[PDB]
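Colleague: Starting from the known structure of chain W, fit chain G with the ligand onto it as the hints suggest.
There are 2 protein chains.
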Amino acid sequence: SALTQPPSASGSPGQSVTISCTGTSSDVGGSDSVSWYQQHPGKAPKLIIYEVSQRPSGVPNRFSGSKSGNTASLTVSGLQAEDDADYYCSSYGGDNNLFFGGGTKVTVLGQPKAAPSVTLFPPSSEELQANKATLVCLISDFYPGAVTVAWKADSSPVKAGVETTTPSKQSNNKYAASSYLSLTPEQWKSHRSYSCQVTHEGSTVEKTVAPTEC
Amino acid sequence: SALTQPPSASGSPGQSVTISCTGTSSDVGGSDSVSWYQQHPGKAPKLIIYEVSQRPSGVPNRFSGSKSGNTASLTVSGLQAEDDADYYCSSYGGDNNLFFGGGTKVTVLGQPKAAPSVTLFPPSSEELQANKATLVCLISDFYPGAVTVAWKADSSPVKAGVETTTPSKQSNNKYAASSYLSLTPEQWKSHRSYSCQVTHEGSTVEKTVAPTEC
Ligand SMILES: C[C@@H]1c2ccc(OC[C@H](C)c3ccccc3)cc2C(=O)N1CCOC(=O)NCc1cccc(-c2c[nH]cn2)c1
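So the sequences go chain by chain: W and G. First residue of the first sequence: 20, per the numbering used here; consecutive thereafter. First residue of the second sequence: 20, per the numbering used here; consecutive thereafter.
Bound-form chain W, shown alone:
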């Protein structure tokens, strides 16, 4: 997205959370046209802030919006269970275009936080002899169930061939997901290493694997 939002935020009932929406001087910074939207997954979204700070009728004053330079911010005070949702920002542009942020998943903690176990697997013997070199990054035992994954070929980001599953709650009531990177045998063998970067609750873990002689 052209506007940048943090992937996730969280707080316990009664706490406050602030989420940011960063653009450039030609969008967020160029006018007072920032809006915020709330969506409970699967249901219609709702406009909750317009013109940076204005609440539509029925939106409680626990929601407030502000802007400083090229960054707008939404604050939710006294978190309530109904505030657990996805939040998006938008801003008009210079060419009367419209820019959206990528969305922030806001969790009202329903259980203790849990950092993910991250395990990165290199290509298996069987798939290599089948001319495939898929890497798997296993992410388990985390809460809230929101994670963002990035891959790097050596030091360069790689977006092609990346797939990540939607987190699902497992039998221990914590979430699991897997990110897999479909490489050719040539790609795998011709790089010094590949890395899986897992971000959860604003904290990042990195794992790396490299080809071996056996």
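Simulated from the structure, these hints should not be mistaken for laboratory data. A portion of the hints provided could be inaccurate.
Pairs involving identical chains hold if they fit within one copy or between any two copies, as the list cannot separate such chains.
Using 20 Å as the maximum straight-line C-alpha spacing, the simulated DMTMM-like pairs for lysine to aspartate or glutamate come out as follows [said to hold, decoys possible]:
1. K62 to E220
2. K86 to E205
3. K124 to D103
4. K178 to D160
5. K124 to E101
6. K151 to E225
7. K178 to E145
Modeller: Chain G with the ligand only, in chain W's frame:
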């Protein structure tokens, strides 16, 4: 107040489908500020139409929007699997109001069945060093999105320590899931092999991995 959309619509591959969005004279019928969004479950939405009929760059011209009186309509020609999603309409009204429809689930009927690709990964060296031996059975590219998984230690059923993620649709419009088996290094080294057996629509794919010899 919400705008009125049918809860569901459908069509076959290559066919067309039209879905409607009915508002009032002071929103949909009041100006040319009608928008349409496409959203796959668990993902951020994508604006596909603005100002009744305009497509953002990169949106296929198979999507077309029109408006008559109080009712806007989206038409998707040449339906593709990727078009199976929720579709929302929106319209600005007076008083800086932004109205949203309740959403239409568009189903693309009779999508092709696809058996899963299964790749079984043995424990990585890093985790065997940290006294862990998780195995991951990666299951991808299958449709419809339901599988069952069974594990074997040698030829015997594994009855504990298994987790399987809820399948999720990926960028190829087919489903992916992971099943992971938590073992200790001692369990991994004692047995001759471990096997993952994936059942999809009555057919079973089995993979086997054994302690390496490197
Ligand atoms: C990922 C991001 C995104 C996030 C949120 C979201 O809706 C949130 C709403 C509340 C919503 C709707 C439906 C369900 C839930 C939430 C849409 C998008 C989008 O599409 N995204 C991808 C980046 O592309 C853009 O920013 N394009 C915006 C665009 C492009 C070109 C022209 C115009 C234009 C001109 N003039 C008026 N409009 C606009």
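Colleague: What label fits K124 with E101 when the C-alpha limit is 20 Å: within, between, both, or neither?
Modeller: within (13 Å within a copy, 24 Å between copies)
Colleague: Go through the copies and call it for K178 and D160: within, between, both or neither, with a Cα cutoff of 20 Å.
Modeller: between (25 Å within a copy, 19 Å between copies)
Colleague: Classify it for me, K151 with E225: is the Cα-Cα distance of at most 20 Å met within a copy, between copies, both or neither?
Modeller: between (24 Å within a copy, 18 Å between copies)
Colleague: First find the shortest C-alpha distance between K62 and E220 inside one copy, then the shortest across copies, and answer within, between, both or neither for a cut-off of 20 Å.
Modeller: Classified as between; 19 Å across copies, 25 Å inside a copy.
Colleague: As a check of your reading, is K86 near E205 (CA-CA no more than 20 Å) within one copy, between copies, both or neither?
Modeller: Answer is neither; intra-copy 48 Å and inter-copy 52 Å both fail.
Colleague: Please sort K124 with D103 into within, between, both or neither, judging by C-alpha distance up to 20 Å.
Modeller: within (8 Å within a copy, 23 Å between copies)
Colleague: How do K178 and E145 come out at 20 Å by Cα distance, when the copy is not named: within, between, both, or neither?
Modeller: neither (25 Å within a copy, 25 Å between copies)
The structure fails hints 2, 7 (numbered hints given earlier, in ascending order).
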